[PDB]
Amino acid sequence: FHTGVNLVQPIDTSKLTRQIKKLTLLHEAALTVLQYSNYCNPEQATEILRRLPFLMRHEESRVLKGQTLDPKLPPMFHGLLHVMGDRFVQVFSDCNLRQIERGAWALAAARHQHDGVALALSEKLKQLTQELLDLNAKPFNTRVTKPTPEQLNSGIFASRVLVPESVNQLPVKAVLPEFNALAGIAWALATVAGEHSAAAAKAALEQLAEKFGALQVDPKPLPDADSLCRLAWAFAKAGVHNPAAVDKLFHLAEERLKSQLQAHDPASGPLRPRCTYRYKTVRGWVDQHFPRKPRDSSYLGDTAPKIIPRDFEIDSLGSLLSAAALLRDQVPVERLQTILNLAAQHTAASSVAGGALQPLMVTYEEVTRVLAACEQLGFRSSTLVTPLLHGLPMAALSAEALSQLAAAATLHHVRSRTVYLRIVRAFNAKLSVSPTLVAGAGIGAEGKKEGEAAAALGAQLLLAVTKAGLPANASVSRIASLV
Amino acid sequence: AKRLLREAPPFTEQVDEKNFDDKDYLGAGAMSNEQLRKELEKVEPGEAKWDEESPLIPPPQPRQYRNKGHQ
Amino acid sequence: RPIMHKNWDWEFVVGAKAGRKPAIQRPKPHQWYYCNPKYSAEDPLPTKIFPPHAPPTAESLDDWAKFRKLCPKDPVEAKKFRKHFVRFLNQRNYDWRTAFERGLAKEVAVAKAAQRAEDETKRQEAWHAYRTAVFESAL
Amino acid sequence: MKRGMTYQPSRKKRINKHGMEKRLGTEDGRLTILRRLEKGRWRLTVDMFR
Amino acid sequence: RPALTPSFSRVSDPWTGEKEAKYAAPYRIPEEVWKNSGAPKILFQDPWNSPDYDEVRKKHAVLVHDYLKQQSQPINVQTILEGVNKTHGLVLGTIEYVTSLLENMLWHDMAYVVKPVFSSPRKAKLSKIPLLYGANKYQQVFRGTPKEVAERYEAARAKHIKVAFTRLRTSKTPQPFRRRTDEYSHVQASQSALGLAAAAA
RNA sequence: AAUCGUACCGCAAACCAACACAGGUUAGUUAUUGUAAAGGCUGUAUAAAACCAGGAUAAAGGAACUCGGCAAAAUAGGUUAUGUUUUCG
Ligand SMILES: [Mg+2]
Ligand SMILES: [Mg+2]
Ligand SMILES: [Mg+2]
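Protein chains in written order, with the entry's author numbering: chain Xe, 70 to 503, 508 to 556; chain Xj, 0 to 70; chain AK, 1 to 139; chain AB, 114 to 163; chain Xf, 29 to 229.
It cannot be assumed that every hint is accurate.
[As the list claims (entries may be wrong)] In silico BS3-like cross-links for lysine-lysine, where the CA-CA straight-line distance does not exceed 30 angstroms:
(1) Xf:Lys-87 - Xf:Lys-114
(2) Xf:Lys-86 - AK:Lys-112
(3) Xe:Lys-289 - Xe:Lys-306
(4) Xf:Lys-114 - Xf:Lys-47
(5) Xe:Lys-327 - Xe:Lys-193
(6) Xj:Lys-67 - Xe:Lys-362
(7) Xf:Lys-114 - Xf:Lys-50
(8) Xe:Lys-362 - AK:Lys-73
(9) Xe:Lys-280 - Xe:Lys-215
(10) Xf:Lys-175 - Xf:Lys-151
(11) Xe:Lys-289 - Xj:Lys-1
(12) AK:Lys-69 - Xe:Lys-349
(13) Xe:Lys-134 - AK:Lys-106
(14) Xe:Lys-90 - Xf:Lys-190
(15) Xe:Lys-91 - Xj:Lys-22
(16) Xf:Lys-87 - AK:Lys-112
(17) Xf:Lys-97 - Xf:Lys-143
(18) Xe:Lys-90 - Xf:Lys-86
(19) Xe:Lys-317 - Xj:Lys-67
(20) Xf:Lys-165 - Xe:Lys-215
(21) Xj:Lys-17 - AK:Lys-66
(22) AK:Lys-80 - Xe:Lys-362
(23) Xe:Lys-91 - AK:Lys-106
(24) Xj:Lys-67 - Xe:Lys-195
(25) Xe:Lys-91 - AK:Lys-122
These are calculated hints, taken from the structure and not from any lab test.
My request is simple: use the sequences and hints to build the entire structure.
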């Protein structure tokens, strides 16, 4: 039926779908985008947007040991986002709730500002605020057998093969089932909002804050830790002032943290988050609350699950606490203190198995992010810092970073000889002579420190160690002699 | 032939979708070195004892991967 | 040493011009380098073998490093696994040529069509001027 | 069915069945070599080359 | 740049069904004066096609397609002709030309037609009532109106599930597999660079 | 890090069939809704005999043909209330 020359469209819809699913490089994506961007339906337009953020990270990792990234790529990555952003606005009226989530996240993830998208999202947010926060609201259903004329405008059903869909039985006694969808859209609106669309975005968010505050029920499945962080930053960036909404949001976060700790038995092992395990099935995908056993398939090459976390982790605690510092004035002190204590308990329990310490690996970026929030909030605790130092590798850190870590441990009253020894030993191996002291570089800091700068770092480390009260050791003695 | 009995081995380009970081955090407005020195000096030299630790502490354990629900 | 060769005689590649070794009619992947009419002994030898049809984005490929990680531990399965990996590598050379030949055909057709339009325009313009002269002459 | 295709060449088969190493492995094969030396044939086995 | 027929009543359309030429003489003269005089006809009219014959046809189809998308109910071909001309000016001359454009859209599922119901085949063949046409906002893979498309999709969805499980029960893969063919060569890389330059300019 | 293969033919006028033989010859890959991207290939000069081979159409009749419906032609496909036979499938 689709043979010959099409006088209206240059490319067949089915062929265009094949190319989109077959993208692995930005150059290939640019070839598709720059030719057929005006002939994509909402299904195709939003699919491209979601892939672009992942393709950019892939190319940065293709660089070999002795090569460098091509300078022409990053400019092209933002060029493609702008072109797809315009097409997203044109077909915005025909997108589903899920499709709007994909397009909005891609621009927000890439930190690309677009006035046209921000204005379109502002109107949509107002419409969805009164519908998704209603008590008598039902979950989004993918099991569509006879689509309506308006659903034929989404492009999902213009396919020559089976359309994958979720095979779960939708809950029938859920309260506000689509809260997570609303939280993500609001965060995208704040991030994508530009200079000429800031007023509209703020007004839409203010109405959402008032509606959220004037609510006497909690969603039956409590909002995910990620969703809570996104909503908190949506208010912080937009400057919405509503203590009633802010306090309620922190209440939900407090409730979730307690629930995770209450339903945890230490005998089983270290605390781990609850997650959704998604598997591929004949008619689509299925979500489970617990993992399957490893399986060998006769047809699939990969049977591993996609893990979507629902509880809090160290990564999310460094973003929720960051939002709290921005919104400190709107949060009661009592609620802030309770959350801080729960955060410490979550960290301590997550790195203990049986009766012995089992540290969990962390990165330097994560540690600094958590500590920075604590300094702003003025929270001092040794139960939150000690687990973070045991799981932090100290082999590729610069001399400056080691000095800062030692100072932080002393201020937080950390009492663990192993932590102190692992820091001084690493610092000593980085302090070289030649008659000028040289402090090596590393992940922690940029460049090397020579002369007085190296001496200052050594003095700070010695001061922290002296206050801590460590017994004399070879590493400290050599540092003192050099400085 | 053109028809395969199972998925082909992963010899083509593999785009990874795991551990994508897009959260918002604070800035880098940390304290100055002089302020840290003053804070350390203010620390009281409390004569406390060290905690009782196990003779052998295992090295850090890697964390499991995470995905996103924007499928 | 570079990873890929960049100086090719494109008349030879398309087939309008003869090569440096006319006895070879279809060069192999490792024979392209020495059949190039612009071959020079002063140029450093590339560290990898690529045909002239390969894109410049192939310089970041590391195929044997990935193969080792996927290596089965059973020797019987390992031998078959390696045989399929070599088959994949060889086929990739002729996927590039097919795309190369299809891509150029589209560009040629577009240019040929554009020339055809211009020629008709000039012929029609010339006739119109002649027609005008006839009316003017007759007053 | 069409006949006349009783020969299906195979290099490994030809060497193993009629090779010099095979002719020298048995008493009867050694006698065959002597018979061909006596007649004075220039090529003794299908396996021979310079 | 539409051109008028020698009768100065309509524009000539670019298709094989057009039997009228384009008047191109420098002066306007009635048909009767010069048609029976015996002079060569090529001095007054152009019987050939324009250099942009194919591009003009594609442009006309877009104008018709866009107008239908703006409509809210199926309409006749006569209404389509009047609406397009009023919006843009005198660019289309006959309803037969518009009909040919619509047939192309119907084949590729860019539009649909609403047909009447008749009691017997002979009545349907002899009927002369005009037809009504609509347009799809995006290209579909099924024929008919949105109600018919939904019905066809439902039957297709059931068939797919039936086939997938029968394959699984008989020890076949539920979903067919293929290999990914690399379609990015040096020619494609140069096309992308050319495209960026054109977009920048 | 040495050593051996790398030209050309390979559903074929170059391999097995005495031939430039309508035969035989393994695996891996590619475009295509009702079609089909790349690539590859190419026939002494005429026509208004009988007859022969391979197709097409045919008034009225419709197995009268013949050892024999040989050959040819033929709505061929799907869903059925009810009935029959079963080793109950
Ligand atoms: Mg060869
Ligand atoms: Mg008859
Ligand atoms: Mg009879």
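Structure-based check of all given hints:
1. Xf:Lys-87 - Xf:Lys-114: holds (17 angstroms)
2. Xf:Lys-86 - AK:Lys-112: holds (20 angstroms)
3. Xe:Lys-289 - Xe:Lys-306: holds (28 angstroms)
4. Xf:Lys-114 - Xf:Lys-47: holds (25 angstroms)
5. Xe:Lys-327 - Xe:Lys-193: violated (34 angstroms)
6. Xj:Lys-67 - Xe:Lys-362: With Cα atoms ~22 angstroms apart, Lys-67 (chain Xj) and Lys-362 (chain Xe) stay inside 30 angstroms; holds.
7. Xf:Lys-114 - Xf:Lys-50: holds (22 angstroms)
8. Xe:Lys-362 - AK:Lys-73: Holds, at about 22 angstroms.
9. Xe:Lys-280 - Xe:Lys-215: Given that 30 angstroms is the threshold and the Cα spacing comes to 35 angstroms, the pair is violated.
10. Xf:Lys-175 - Xf:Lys-151: Distance of about 25 angstroms is within 30 angstroms: holds.
11. Xe:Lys-289 - Xj:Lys-1: Roughly 49 angstroms between the alpha carbons, so the hint for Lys-289 (chain Xe) and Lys-1 (chain Xj) is violated.
12. AK:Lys-69 - Xe:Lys-349: Satisfied, since the Cα-Cα distance of roughly 25 angstroms is no more than 30 angstroms.
13. Xe:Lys-134 - AK:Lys-106: With Cα atoms ~38 angstroms apart, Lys-134 (chain Xe) and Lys-106 (chain AK) exceed 30 angstroms; violated.
14. Xe:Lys-90 - Xf:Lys-190: holds (25 angstroms)
15. Xe:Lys-91 - Xj:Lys-22: Status holds; Cα separation ~29 angstroms.
16. Xf:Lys-87 - AK:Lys-112: Between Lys-87 (chain Xf) and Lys-112 (chain AK) the Cα gap is close to 21 angstroms, so the pair holds against 30 angstroms.
17. Xf:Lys-97 - Xf:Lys-143: This hinted pair holds, its Cα atoms lying about 19 angstroms apart.
18. Xe:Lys-90 - Xf:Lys-86: Distance of about 29 angstroms is within 30 angstroms: holds.
19. Xe:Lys-317 - Xj:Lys-67: holds (26 angstroms)
20. Xf:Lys-165 - Xe:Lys-215: holds (18 angstroms)
21. Xj:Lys-17 - AK:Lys-66: holds (18 angstroms)
22. AK:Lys-80 - Xe:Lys-362: Holds: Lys-80 (chain AK) and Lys-362 (chain Xe) sit about 28 angstroms apart, inside 30 angstroms.
23. Xe:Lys-91 - AK:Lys-106: holds (21 angstroms)
24. Xj:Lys-67 - Xe:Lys-195: holds (26 angstroms)
25. Xe:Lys-91 - AK:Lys-122: The hint is violated at about 44 angstroms.
Hints 5, 9, 11, 13 and 25 from the list above are not met by this structure, while the remaining hints are.
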